[PDB]
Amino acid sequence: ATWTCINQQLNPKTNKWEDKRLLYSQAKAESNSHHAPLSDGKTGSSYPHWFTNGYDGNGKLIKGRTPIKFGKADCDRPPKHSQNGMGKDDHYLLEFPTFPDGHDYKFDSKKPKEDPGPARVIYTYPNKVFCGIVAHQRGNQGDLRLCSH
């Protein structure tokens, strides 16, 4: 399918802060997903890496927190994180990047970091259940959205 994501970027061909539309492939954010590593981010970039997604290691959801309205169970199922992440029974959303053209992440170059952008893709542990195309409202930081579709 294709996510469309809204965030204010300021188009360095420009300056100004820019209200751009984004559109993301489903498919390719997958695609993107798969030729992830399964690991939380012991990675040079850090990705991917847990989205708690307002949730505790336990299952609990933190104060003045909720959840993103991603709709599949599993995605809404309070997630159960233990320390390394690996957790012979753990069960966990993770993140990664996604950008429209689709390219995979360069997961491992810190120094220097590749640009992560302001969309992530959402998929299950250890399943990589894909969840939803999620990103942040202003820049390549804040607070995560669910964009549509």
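Whichever C-alpha set is largest while still superposing within 1.5 Å between the two forms counts as the rigid core. Numbering follows the first chain given and starts at 1. Compared with the form deposited in another entry:
Superposed on the core, the two forms barely differ at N127: its CA moves less than 2 Å between these two forms. Here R21 does not count as shifted, since its C-alpha moves by less than 2 Å between these two forms after the core is aligned.
Having looked at the form deposited in one PDB entry, could you now put up the form deposited in another entry?
If you are looking for partners or other molecules, they are not here, because only the chain is given.
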């Protein structure tokens, strides 16, 4: 499967934000999630880490929030995320940088830290069930929204 994200990027010459169509291979994104550690933070880059998808640790939805519908029961279930995100009963979503070229993000480096880019592969803790590809609409900041596939 191929996922497409439209990410606005600032063209210097026109000083205006333009739509860049970015394509991701699900197979490569999944491989990225397997190469990354099964932890929540605790790495030099901070990734991978808990993706709340609008909930708090007790599966309670933050008011005025619509979680992303992934289409897989495991991915759409309200999460159970304890303090360290390592409880022996936890189940929640993790986000990790993913790129069109498929390379593995250098999760262990803090200084300098690799640019995570606009996209993330979202997968479950602790079985790493693939959920989807999400990305920032503008540059590398703001909320993350589900890309198409």
